[PDB]
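Could you build the full structure based on these sequences and the hints that come with them?
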Amino acid sequence: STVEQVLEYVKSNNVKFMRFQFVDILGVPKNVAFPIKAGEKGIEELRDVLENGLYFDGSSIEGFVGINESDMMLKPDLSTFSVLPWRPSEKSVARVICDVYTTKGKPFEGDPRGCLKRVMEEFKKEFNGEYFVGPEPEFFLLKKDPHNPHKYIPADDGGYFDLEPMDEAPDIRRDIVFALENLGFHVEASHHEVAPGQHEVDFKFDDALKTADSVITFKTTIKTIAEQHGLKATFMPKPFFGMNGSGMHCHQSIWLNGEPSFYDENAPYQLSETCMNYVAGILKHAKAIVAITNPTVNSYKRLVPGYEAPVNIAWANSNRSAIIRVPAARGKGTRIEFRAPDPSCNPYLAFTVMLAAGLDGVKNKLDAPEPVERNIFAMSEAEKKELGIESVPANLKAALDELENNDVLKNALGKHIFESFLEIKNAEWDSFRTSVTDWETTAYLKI
Amino acid sequence: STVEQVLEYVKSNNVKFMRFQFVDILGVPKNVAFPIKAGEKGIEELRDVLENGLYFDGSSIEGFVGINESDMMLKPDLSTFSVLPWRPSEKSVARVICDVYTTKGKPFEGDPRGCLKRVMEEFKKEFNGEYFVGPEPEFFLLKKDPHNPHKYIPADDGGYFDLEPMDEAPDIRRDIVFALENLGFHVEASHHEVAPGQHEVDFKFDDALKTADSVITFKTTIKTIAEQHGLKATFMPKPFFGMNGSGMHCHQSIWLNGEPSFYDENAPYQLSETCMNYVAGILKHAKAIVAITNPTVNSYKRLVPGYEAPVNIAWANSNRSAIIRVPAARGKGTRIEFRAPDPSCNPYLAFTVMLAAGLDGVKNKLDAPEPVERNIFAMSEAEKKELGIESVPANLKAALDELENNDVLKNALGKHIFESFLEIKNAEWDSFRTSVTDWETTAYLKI
Amino acid sequence: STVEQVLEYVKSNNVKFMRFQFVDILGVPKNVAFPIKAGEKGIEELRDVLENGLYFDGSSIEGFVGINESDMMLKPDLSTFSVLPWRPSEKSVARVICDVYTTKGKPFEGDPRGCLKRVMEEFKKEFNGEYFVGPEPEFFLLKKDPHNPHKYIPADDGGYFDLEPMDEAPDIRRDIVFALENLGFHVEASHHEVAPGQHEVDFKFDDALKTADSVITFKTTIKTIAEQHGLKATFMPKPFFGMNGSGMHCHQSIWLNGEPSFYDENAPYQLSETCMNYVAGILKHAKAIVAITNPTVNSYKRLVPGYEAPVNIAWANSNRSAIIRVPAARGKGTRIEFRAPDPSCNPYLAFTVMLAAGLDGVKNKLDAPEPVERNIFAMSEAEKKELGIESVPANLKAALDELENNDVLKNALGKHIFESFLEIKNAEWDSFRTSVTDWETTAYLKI
Ligand SMILES: [Tb+3]
Ligand SMILES: [Tb+3]
Ligand SMILES: [Tb+3]
Ligand SMILES: [Tb+3]
Ligand SMILES: [Tb+3]
Ligand SMILES: [Tb+3]
Ligand SMILES: [Tb+3]
Ligand SMILES: [Tb+3]
Ligand SMILES: [Tb+3]
Ligand SMILES: [Tb+3]
Ligand SMILES: [Tb+3]
Ligand SMILES: [Tb+3]
Ligand SMILES: [Tb+3]
Ligand SMILES: [Tb+3]
Ligand SMILES: [Tb+3]
Ligand SMILES: [Tb+3]
Ligand SMILES: [Tb+3]
Ligand SMILES: [Tb+3]
Ligand SMILES: [Tb+3]
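Residue numbers (the authors' numbering), protein chains in the order written: chain A, 2 to 38, 39A, 40 to 448; chain B, 2 to 38, 39A, 40 to 448; chain A', 2 to 38, 39A, 40 to 448. A prime marks a further copy of an entry chain.
Be a bit skeptical, because a hint or two may be false.
Which copy is meant is left open, so a pair is good if it fits within one copy or across any two.
Okay, derived cross-link-like pairs now, SDA-like style, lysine to any residue, Cα gap no bigger than 20 Å in a straight line [to be verified]: (1) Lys302 / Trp440; (2) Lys17 / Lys38; (3) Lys145 / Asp158; (4) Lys145 / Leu27; (5) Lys12 / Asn129; (6) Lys152 / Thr438; (7) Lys447 / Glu228; (8) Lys12 / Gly160; (9) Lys126 / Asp72; (10) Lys302 / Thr438; (11) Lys211 / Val11; (12) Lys125 / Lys364; (13) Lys12 / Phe241; (14) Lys145 / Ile448; (15) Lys411 / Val11; (16) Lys302 / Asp431; (17) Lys42 / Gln6; (18) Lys385 / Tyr308; (19) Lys31 / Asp163.
Treat the hints as calculated values from the structure; they're not laboratory data.
Following this line, the structure appears as structure tokens:
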């Protein structure tokens, strides 16, 4: 959308209120709103903000600590302008996703959106490279427990691909897809997942920045649609013990000079050296990547040993027990699926680190290990050690320490985000590790 | 419908969401849904999926364990395309029943729908044979027990063919019939059944595959209509002790070269040798057939001795105490009624095994025993032994063991479904056998 | 008490029931009881059991797995014979603490009591050494929350050394002291502790085996006295966040050839080389010792940074921020206080490992570091590193891994207890680490 197209939309729909939206380091969306003043002057005052941005106090935004927090700037990305996706019939209100800039007019180093844009621009400028991601976020719908109102339980008792009445959210999944599709946030399959009250909405395999914006919009929209139905939607990775957690498998590829670089008709499995170097890079840096793609203490309750748990650092052409699975599609569709991520991650940061790790593999021409097709949960600890299969960190603190020692990720995220993320997350881990949990009370009050 | 007819429907109705439906081994319907993209590009993408199919992960579908579960395919049967039968006024959504295929473009051996199609196609190719089934599924409508909200009781106190007000579901039966008829899922008689809250909807005597699709559609639709009325519909075979269970008598016949092969104007009872060989085949294999037509532990609480219980392996022209009853209709309508099946069966598998057993009788020219008109329950054990009247298995495990030793059924179902069904059902039996039931607590807590 | 003294007590008090008590690897007391038969024959049958022991099935005792579990033996220690300490007016019942033996008549390697006896006997035989321990166990008294009956809260709102009515347990502390003192389980100071509902009962500085028996008796007795008052006593180390946890400081010393070996009138601080070598041994092995002295996941919620937390591996003559504090008493009373232990430990195992670590220091003539008087919580991370001050493990798993790599402790505990303890505790850690905690639900359900 061009400035002129936005101004004409504003005039035709009599837009009276505009939201400027951005994201904090933890991936929480944020927005400040302003009235649209009447008259060509108001249209001129809006053009000025749309082209040059608006000032805001970022001192209370998580991860935005720095000099001049009280006069930071929001620079609108007009490609994202639209009616609110979660209130699409209220044409008098609109929003635009923005990048964060400093008072000086330069991208703010602590901006997660600007971070992904930076690494993608560098890849485009240096290698004429494009980066595509197709994520598969899962989530649970919850209702208040009838026996205890203070607690939430899964909204239904349905299962994988189930139909109503066991599946109690076919209209909700349909409605979120309509809300996103209607405004260009392209999505693919939707269905009830394995666990009671669990669901999935797949996203189009697309430009990583568009994908990240689609994911942040989807998270707000599904939560508002759930509330209209008296339910709560959660992206907590493992809300209930004894049932599946929620993951966000990320299909991804890189194209160099307009060609699907991962494809080589004549190579083993039809996977190019570039695809293998990229896979090698993801595997090499996997222990550090998960600090960002699985950034909660609860993320590690899903990343626990099991038949399909994506905790084993290996790749496969069919094995779901590996952290990377390569779909059978070839040609333009050749891509790799990172299965470790969960939907609690900040998509802008998760996509940045996967690209940086894969590109480090390409840059250093890293050799990939042999694929592992044998189910890895079922093999012994000795068989794993013999095959050199390492696991991802067992908890958030272990992942943070791996990230702290990873210079490739530090360069990708930049010092501000890397240090702010480590500081906030070490404090989060400290809060959890000093707490007295219900597990402990149940296990030890009798001693 | 043809590919063009489906595309015209999508364009006219501006269909924005499409469900691809299939069935698992236990007969539970499954579906994944996708948005219909805008304009010509979207019509072309939809044409491709309609003609060539779409990939899905079958790893979480019961009975679908094979190489590359993550990339299996759904191939739409356009003869089944329509608005959702249970949401007929929402024209922006549609569904299509699909066959399950492998990544190689071949029917998946574990697909129950493809299974019935395979046996029917083989019969058509080798003998120019057609197979027709007219099932009579019964079901209960339930309401919460006002004394105990956690329990369900029959929805009314009405009886066989009763009128309102004792019959509290005349509008529900009328509405399910209209929902199915309106979309070509042909149905016939509907009425309140013998037990409180029990009902029946009879299906057109038709091509067995169309019949199975109609039954699978009816089960979802009646459950959604019941919920709209604050009730629950159940196909549990024997939900309440002391009252009738729910059966699914299956009328069936085979026609060879366009002729009603079961009819012979000059033979005894006007029943042809082909009819008698088919009847002999069903009777010979009955103990194994019930493992599929009666696949639940609870199915054997309906298959218990009684005046009208279809547990006696015999046939008759009027006796309701026999497992096979031959209706009086002759000519084109000549057919046999297998009375053992209950609505918990997977119709695709039940129809497959009845045809295979009957065709084994035709192939081997098996002699049928004499019909038994005398009430079998009323006669002594010695009279039954003298007449050679055996009984169907007494419980699910006994039926599974009979199926395991039946090569005719193994060939009909194919190794994948045969072994998967036996494994799943033996685990279901174990769960029941090791449980501590309410009956045991009531009988033994005092000892 | 001699066999004859026990038999005469049995005859005079008409004892009709006798309990044989022992302890499992986790420090949980266990007992089997038998009737005393009438007549000299019954007195003779009792003499036989008192001298030669009785058989029992130890297959269901935690840490007793091995060959012939169903015919293990309990060998009574007549020095421990008495009326039940928690039912002292019921003279017709008595108990005796027993050591665990194998069917062959040799001490069972998995017995915690026999373990402490073994290390103490070896020390006596080789060096004419005696080992004394004076523990200070703290505990909380709990009442049901009025708002939520399913939860427990501190029994009162009193504080350190408080008097009634703020202190609501002066009669309970008095009554436990009377119960123990009356039967020779010597105790010293008793008082309300810092936290609401928290209390302390100090034990006489005595022979380590007598002390361990006194501690196990005290734990059962305070729990029964609490129940008589409608309360619950717990030794959980950190039952409530935001208030002090419960510790069990252990004063200890060794005497060689009847002399207080830790005392040297002419040495710095009047502490002998033997005392310094012992202190050096405790400090060297501290990371592994805490796996046994702090054997619960919750133990590490008390072992967290704080002004007085005993987490810093250092010793001091006055600093409470160090893991070892040396009381000012000299001469016969010269001793060292290990502050890390909590009352969840198995006293027999805790006393065994502290002695073995200290004796390893004496054996190798280990040099002790300089004492640290400066408050260690208040100093920087750099000041600590410069002074070489290490901390104890941050969680149970970290402590288990330290214990697994400690051969001194493995020799002290013996292979059976060392491996059984590691196995049980790694499974306990696994249960905690895969659980979904209330902390996680509170922190992430909103994401
Ligand atoms: Tb730029
Ligand atoms: Tb359920
Ligand atoms: Tb999924
Ligand atoms: Tb494309
Ligand atoms: Tb490594
Ligand atoms: Tb800071
Ligand atoms: Tb064919
Ligand atoms: Tb009635
Ligand atoms: Tb009927
Ligand atoms: Tb017809
Ligand atoms: Tb004819
Ligand atoms: Tb037989
Ligand atoms: Tb299997
Ligand atoms: Tb000895
Ligand atoms: Tb208070
Ligand atoms: Tb104290
Ligand atoms: Tb003394
Ligand atoms: Tb060290
Ligand atoms: Tb073991």
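Each hint tested on the structure:
1. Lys302 / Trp440: both (14 Å within a copy, 13 Å between copies)
2. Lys17 / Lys38: within (7 Å within a copy, 31 Å between copies)
3. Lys145 / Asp158: Both: 14 Å inside a chain and 18 Å across chains, each within 20 Å.
4. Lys145 / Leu27: neither (27 Å within a copy, 31 Å between copies)
5. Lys12 / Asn129: Close neither inside one copy (39 Å) nor across copies (39 Å); limit 20 Å.
6. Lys152 / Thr438: both (16 Å within a copy, 13 Å between copies)
7. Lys447 / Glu228: For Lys447 and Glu228, the Cα distance is within 20 Å only across copies (12 Å; inside one copy 41 Å).
8. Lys12 / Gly160: Neither way: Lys12 and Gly160 sit 47 Å apart in one copy and 32 Å across, limit 20 Å.
9. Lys126 / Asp72: neither (31 Å within a copy, 36 Å between copies)
10. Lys302 / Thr438: Both ways: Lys302 and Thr438 sit 15 Å apart in one copy and 10 Å across, limit 20 Å.
11. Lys211 / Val11: Neither: 23 Å inside a chain and 28 Å across chains, both beyond 20 Å.
12. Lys125 / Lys364: Within one copy only: 15 Å inside, 61 Å across.
13. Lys12 / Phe241: neither (49 Å within a copy, 43 Å between copies)
14. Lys145 / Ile448: between (33 Å within a copy, 17 Å between copies)
15. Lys411 / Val11: So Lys411 and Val11 fail the 20 Å test inside a copy (42 Å) and across (50 Å) alike.
16. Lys302 / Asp431: both (17 Å within a copy, 11 Å between copies)
17. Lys42 / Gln6: Close inside one copy (17 Å), not across copies (24 Å); limit 20 Å.
18. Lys385 / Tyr308: Answer is within: at 14 Å inside a copy they meet the 20 Å cutoff, but 45 Å across does not.
19. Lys31 / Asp163: between (35 Å within a copy, 5 Å between copies)
In terms of the numbered hints stated before, the structure departs from hints 4, 5, 8, 9, 11, 13, 15, listed from lowest to highest.
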